[PDB]
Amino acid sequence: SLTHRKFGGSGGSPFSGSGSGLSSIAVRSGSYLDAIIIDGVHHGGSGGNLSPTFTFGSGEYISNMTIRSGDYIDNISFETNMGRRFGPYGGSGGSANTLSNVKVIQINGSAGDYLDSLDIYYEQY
């Protein structure tokens, strides 16, 4: 069943993922998530360090995700259905929330200098 969940604060300007799906993800992070790079498109600032890009294989998707957040996105980590891991990247602030047994289909959000928020569209199993 398809649903969505917002994480983080109220600031920044809105962005969207590609629209249908999600082919690759990288982040910039320090103490917080500075940026999320979705399908090669940058959303957020130029601070922090750039992660390697995670590129989803055929039949591969985000299945479990842990996000630390307060007013911003502090940390992102995920696992896929193929057992691959991304992160954790970011700091230790905020509070943790986990999507468990999902299939993420799109990531939208809001950003300025940092990644303020994410709105994750996923199938909840």
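Numbering follows the first chain given and starts at 1. Rigid core (definition): largest C-alpha set, two forms, superposition within 1.5 Å. Only residues modelled in both forms are compared. First, how it differs from the form deposited in another entry.
- Core-superposed comparison between the two forms: CA of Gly112 displaced by less than 2 Å.
- Once both forms are fitted on their rigid core, the CA atom of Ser10 lies 2 Å or more apart between the two forms.
- Core-aligned CA deviation for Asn101 between the two forms: less than 2 Å.
- Shifted segments between the two forms, defined as at least 3 consecutive common residues whose CA atoms all move 2 Å or more after rigid-core fitting, occur once only, at 1-15.
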Second form
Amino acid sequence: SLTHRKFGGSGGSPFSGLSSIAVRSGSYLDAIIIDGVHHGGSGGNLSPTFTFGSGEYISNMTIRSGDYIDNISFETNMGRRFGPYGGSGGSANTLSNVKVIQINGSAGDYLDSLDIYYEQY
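Right, the form deposited in one PDB entry is done, so what does the form deposited in another entry look like?
The following holds one chain only.
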């Protein structure tokens, strides 16, 4: 079962383990960089890093994909936008009104796949 459980008290301010995203991109996503850790090849161009503020999370995302990840864009609950980055290949899929919790995937020379964990609202 996918779930989650909270341990501890009621104080403090929320934080997320997913703190920043950048990509290398061209016609595809050559790489995704999650909390600074690089996944994929050295092709394409490196995007600026998007760093989530306090209480900020990805709320909407559009991913184009086929055999690889062709393109990513997202918007946060604070209305900030990342991308689009990549090309116009693949087919588009959108997450709307979510809170992204984690981003896993698979990669080689390019970013082959993404496994996005999220809450759907």
